[PDB]
Amino acid sequence: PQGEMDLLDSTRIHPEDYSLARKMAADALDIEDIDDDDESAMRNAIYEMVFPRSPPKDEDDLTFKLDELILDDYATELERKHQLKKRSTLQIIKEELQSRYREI
Amino acid sequence: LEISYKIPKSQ
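Chains as they are written, first to last, in UniProt numbering: chain A, 1035 to 1138; chain B, 449 to 459.
Derived by calculation from the structure, the hints in this document are not laboratory data.
Yeah, the Cβ is synthetic: ideal placement off N, Cα and C, and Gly gets one too.
One thing to keep in mind: the hints can contain errors.
[Said to hold, decoys possible] Partial selection, computed: residues in chain A whose CB lies under 10 Å from chain B: (1) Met1058; (2) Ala1062; (3) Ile1068; (4) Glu1073; (5) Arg1077; (6) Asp1092; (7) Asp1095; (8) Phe1098; (9) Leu1103; (10) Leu1105; (11) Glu1113; (12) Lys1115; (13) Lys1119.
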């Protein structure tokens, strides 16, 4: 997971939103030791979400847990803290994480 | 110190 290559390089997510996608992936996996500044733990979390080592029954990967996230509150907090309009970007990240480079 | 934001999950 710490390697030179990146999971999100095979998706439509821009590199400026890679930490946003990794924070979504880490918060979706119910991790609590995670800190925003720790990029390594973010990469481990997104790697275990997209390529789990022990997937559950009839599930290829843990991407289905993203549907429990409340993206609206996350977009509201992003707009409050950083003055970024990213409401559609969270949806695009979610769709790309669930299926990397669909046929549109 | 503040508290790190944790994304709420559907219930």
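Structure-based check of all given hints:
1. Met1058: Hint holds; A:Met1058 Cβ to chain B Cβ min 7 Å, cut 10 Å.
2. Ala1062: holds (8 Å)
3. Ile1068: holds (8 Å)
4. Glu1073: violated (15 Å)
5. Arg1077: violated (18 Å)
6. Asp1092: violated (21 Å)
7. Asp1095: Since the shortest Cβ distance to chain B is 18 Å, the answer is violated.
8. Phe1098: Where the cut-off is 10 Å and the nearest Cβ of chain B is about 13 Å from A:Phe1098, the hint is violated.
9. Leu1103: holds (6 Å)
10. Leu1105: A:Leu1105 check passes; min Cβ-Cβ to chain B is 8 Å, inside 10 Å.
11. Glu1113: This hint is violated: A:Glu1113 lies away from chain B, its Cβ roughly 13 Å from the closest one there, beyond 10 Å.
12. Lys1115: holds (8 Å)
13. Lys1119: violated (18 Å)
Violated hints for the displayed structure, listed by number in ascending order: 4, 5, 6, 7, 8, 11, 13.
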